[PDB]
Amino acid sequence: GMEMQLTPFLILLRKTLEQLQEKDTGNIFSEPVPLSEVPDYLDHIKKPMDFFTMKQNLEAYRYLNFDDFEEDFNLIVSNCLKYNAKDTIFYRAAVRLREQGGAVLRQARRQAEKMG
């Protein structure tokens, strides 16, 4: 709302991004999928996303609401489910990350709501 301040909001997103990365204990989503090694990746995936790209977007002031930040985290998970077969560790790690990251985002959303 009209009382929310830029700096406190961005510090909340920086802490939330660190918490979401802490849940990716495999470091699967740290960096963009390398297209030289996975050349069919963009056949399936229209908007690649990863935690490094999210950190760049955050520090470029591209996240000015909570839902745009959440949408990019959800894209990390949804892209992994789309590309990888259900029997893979990567697919099951993305399902887990959706669960654990959802809990991180619920606590962070309460802090955003208290900024008015």
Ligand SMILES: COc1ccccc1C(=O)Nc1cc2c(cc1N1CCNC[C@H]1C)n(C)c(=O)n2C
Contents of the next structure:
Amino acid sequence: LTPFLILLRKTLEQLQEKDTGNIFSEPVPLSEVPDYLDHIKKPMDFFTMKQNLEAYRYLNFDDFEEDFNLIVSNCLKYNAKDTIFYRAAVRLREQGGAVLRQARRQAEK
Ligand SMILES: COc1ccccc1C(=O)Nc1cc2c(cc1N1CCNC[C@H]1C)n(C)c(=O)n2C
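Switching forms now, from the form solved without the named molecule to the form deposited with the named molecule bound, please provide the structure.
Starting with the chain above, the whole complex follows.
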């Protein structure tokens, strides 16, 4: 499934391009944010997702979109509304939605 993996890789880069601050580029570093696991049960970030993609752990679009969504939702859930992080997650949901919709469309032809 390289036709599919070509699409996901491009789609992942497109999503990651929307992260203009590199807020979601690597995991929330748990040593630096020791209460993060108290609120967030399933952390996610673009580096992890790249590893999963390249390790063949995303069979279908849904399992890929799942992780992307965790990135957004974790961030909305952990950070106060009046934070740059929360605002970045609001943006990324809006902007990633379009990328994801077009990519699902491209899959179908
Ligand atoms: C690599 O990040 C750090 C390095 C040194 C000290 C602290 C951090 C850190 O806490 N970064 C961080 C925390 C986040 C966070 C993102 C970061 N980082 C900002 C800088 N880029 C790396 C990214 C993981 N998000 C989205 C979030 O909800 N939280 C709590």
